[PDB]
Amino acid sequence: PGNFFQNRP
Amino acid sequence: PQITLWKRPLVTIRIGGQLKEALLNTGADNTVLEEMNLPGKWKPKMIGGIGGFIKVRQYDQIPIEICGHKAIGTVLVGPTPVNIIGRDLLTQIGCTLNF
Amino acid sequence: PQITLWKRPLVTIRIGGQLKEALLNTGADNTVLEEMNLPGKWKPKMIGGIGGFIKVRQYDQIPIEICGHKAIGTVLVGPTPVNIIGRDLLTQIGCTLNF
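Residue numbers (PDB author numbering), protein chains in the order written: chain E, 2 to 10; chain A, 1 to 99; chain B, 1 to 99.
No lab work stands behind these hints: they were computed from the structure.
By construction, the Cβ of each residue, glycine as well, lies at the ideal position given by its N, Cα and C atoms.
Accuracy of the hints is not assured; some may be wrong.
To spell it out: a stretch of chain B is covered by chain A in this simulated footprint if at least three of its residues, at any positions, have a beta carbon under 8 Å from a beta carbon of chain A; those stretches are [as the list claims (entries may be wrong)]: (1) 9 to 18; (2) 21 to 33; (3) 41 to 50; (4) 69 to 81; (5) 89 to 96.
Listed next, the in silico DSS-like pairs over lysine-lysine satisfying Cα-Cα at most 27 Å (straight line) [unchecked claim]: (6) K55(A) with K20(B); (7) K7(B) with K55(A); (8) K7(B) with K70(A); (9) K20(B) with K41(B); (10) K7(A) with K70(B); (11) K41(A) with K70(A).
Ranges of calculated distance between the beta carbons of each label pair, as one might list FRET restraints [claimed, not checked]: (12) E65(A) with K55(B): 37 to 47 Å; (13) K7(A) with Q61(B): 21 to 31 Å; (14) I72(A) with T12(B): 27 to 37 Å; (15) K20(B) with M46(A): 24 to 34 Å; (16) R14(B) with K7(A): 22 to 32 Å; (17) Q18(B) with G48(A): 22 to 32 Å; (18) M46(B) with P1(A): 14 to 24 Å; (19) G3(E) with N37(B): 25 to 35 Å; (20) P10(E) with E21(B): 19 to 29 Å; (21) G3(E) with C67(A): 33 to 43 Å; (22) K41(B) with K20(A): 36 to 46 Å; (23) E21(A) with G16(B): 34 to 44 Å; (24) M36(A) with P10(E): 25 to 35 Å; (25) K41(B) with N37(A): 47 to 57 Å.
Kindly produce the complete structure, drawing on both the sequences and the hints.
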């Protein structure tokens, strides 16, 4: 895996 | 410019005359944009991260302007929740992390 | 330091006396660590990524040392593929994106 986009709760 | 991180680092990109909003993401190896018709051959690819993997289409040699800087490279197109500039293109525009 | 993006921007972090490797991630709102035990009170949360959503535990006011710099703030713990330092902590240690 190589895309570590993360959106808050 | 020096981009602080108090808010998401969202920038305008221009690709084939179309203006889009995209996230500068040092945690992405590659750039992935929301579905768009791009010119040329493409290959299917799987990209992963938190939550698992999604299928995208990989195009090559695509010019894109990010905050006034010209780049050319690989763009992936797929059902990403947000347009994402990854390290492939962040390097081309000369981006470093500084602290 | 100033950190190139030709390779993933991985740093050593220290939390609860343990050493881990983590990715400096301008595309993450929060800091998300691989499953591990932390003391204290927590709340369950759902976070989103490129591929979907995962369940995490939210712990507050947790001390962490990131490539030399003390920070104290919120840590989410759950099944992330890699340890991620997000914007909440990057701002605490003075990290900017520069091009």
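Structure-based check of all given hints:
{"no.": "1", "hint": "9 to 18", "in the structure": "violated (count 1)"}
{"no.": "2", "hint": "21 to 33", "in the structure": "holds (count 8)"}
{"no.": "3", "hint": "41 to 50", "in the structure": "holds (count 4)"}
{"no.": "4", "hint": "69 to 81", "in the structure": "holds (count 3)"}
{"no.": "5", "hint": "89 to 96", "in the structure": "holds (count 6)"}
{"no.": "6", "hint": "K55(A) with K20(B)", "in the structure": "30 Å, violated"}
{"no.": "7", "hint": "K7(B) with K55(A)", "in the structure": "24 Å, holds"}
{"no.": "8", "hint": "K7(B) with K70(A)", "in the structure": "21 Å, holds"}
{"no.": "9", "hint": "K20(B) with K41(B)", "in the structure": "22 Å, holds"}
{"no.": "10", "hint": "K7(A) with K70(B)", "in the structure": "21 Å, holds"}
{"no.": "11", "hint": "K41(A) with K70(A)", "in the structure": "22 Å, holds"}
{"no.": "12", "hint": "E65(A) with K55(B): 37 to 47 Å", "in the structure": "39 Å, holds"}
{"no.": "13", "hint": "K7(A) with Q61(B): 21 to 31 Å", "in the structure": "22 Å, holds"}
{"no.": "14", "hint": "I72(A) with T12(B): 27 to 37 Å", "in the structure": "35 Å, holds"}
{"no.": "15", "hint": "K20(B) with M46(A): 24 to 34 Å", "in the structure": "27 Å, holds"}
{"no.": "16", "hint": "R14(B) with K7(A): 22 to 32 Å", "in the structure": "28 Å, holds"}
{"no.": "17", "hint": "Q18(B) with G48(A): 22 to 32 Å", "in the structure": "26 Å, holds"}
{"no.": "18", "hint": "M46(B) with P1(A): 14 to 24 Å", "in the structure": "34 Å, violated"}
{"no.": "19", "hint": "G3(E) with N37(B): 25 to 35 Å", "in the structure": "28 Å, holds"}
{"no.": "20", "hint": "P10(E) with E21(B): 19 to 29 Å", "in the structure": "25 Å, holds"}
{"no.": "21", "hint": "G3(E) with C67(A): 33 to 43 Å", "in the structure": "23 Å, violated"}
{"no.": "22", "hint": "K41(B) with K20(A): 36 to 46 Å", "in the structure": "41 Å, holds"}
{"no.": "23", "hint": "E21(A) with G16(B): 34 to 44 Å", "in the structure": "38 Å, holds"}
{"no.": "24", "hint": "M36(A) with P10(E): 25 to 35 Å", "in the structure": "29 Å, holds"}
{"no.": "25", "hint": "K41(B) with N37(A): 47 to 57 Å", "in the structure": "50 Å, holds"}
Figure legend: structure checked against the earlier numbered hints; hints not met, in rising order: 1, 6, 18 and 21.
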